[PDB]
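Take a look at this single chain in C-alpha cells; it is the form deposited without this ligand.
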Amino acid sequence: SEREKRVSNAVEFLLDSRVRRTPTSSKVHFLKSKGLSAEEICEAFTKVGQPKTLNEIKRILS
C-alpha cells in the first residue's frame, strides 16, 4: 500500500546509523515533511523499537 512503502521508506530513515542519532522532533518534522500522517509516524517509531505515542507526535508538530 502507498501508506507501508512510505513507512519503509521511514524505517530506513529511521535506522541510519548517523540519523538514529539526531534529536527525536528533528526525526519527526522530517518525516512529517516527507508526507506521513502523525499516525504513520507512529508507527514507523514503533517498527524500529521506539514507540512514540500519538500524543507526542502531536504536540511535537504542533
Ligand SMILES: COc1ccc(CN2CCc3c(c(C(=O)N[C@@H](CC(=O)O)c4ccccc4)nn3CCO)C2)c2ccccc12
Contents of the next structure:
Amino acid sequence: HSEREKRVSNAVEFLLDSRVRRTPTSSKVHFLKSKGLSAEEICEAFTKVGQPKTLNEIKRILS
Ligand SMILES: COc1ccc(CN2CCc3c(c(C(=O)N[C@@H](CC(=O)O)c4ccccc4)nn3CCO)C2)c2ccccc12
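Beyond the form deposited without this ligand, can we have the form solved in complex with this ligand?
Shown next: the complete complex, the earlier chain at its head.
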C-alpha cells in the first residue's frame, strides 16, 4: 500500500469499531485529521464504510 492508502485503511478500521460508531461525527473527524488525514481522505473513509458525509460537512467541522 501507498502511505495514503494506509491512512485511509486505518481510518476505515477505526470507523467500523462499535464504540466509535456511537461517537459523534465531529469528534471522529477531528481525530482523523489529528492522525494526518486530509479532508478528502476522511471523506473517502466515511464513504468506504457506508457512512457517507459530504466534503463540505467535513470541511465545516474542520474550519
Ligand atoms: C475519537 O474517538 C475515539 C478515538 C480513539 C479511540 C480508541 N481506538 C478505537 C478503535 C481504534 C483505534 C484505532 C486507531 O487509533 N488506529 C490508528 C492506527 C494504529 O494506531 O494502529 C489510526 C491511524 C490513522 C487513522 C485512523 C486510525 N483503530 N481502531 C480500530 C482498530 O482497533 C482507536 C476511541 C474509542 C472509542 C470511542 C471513540 C474513540
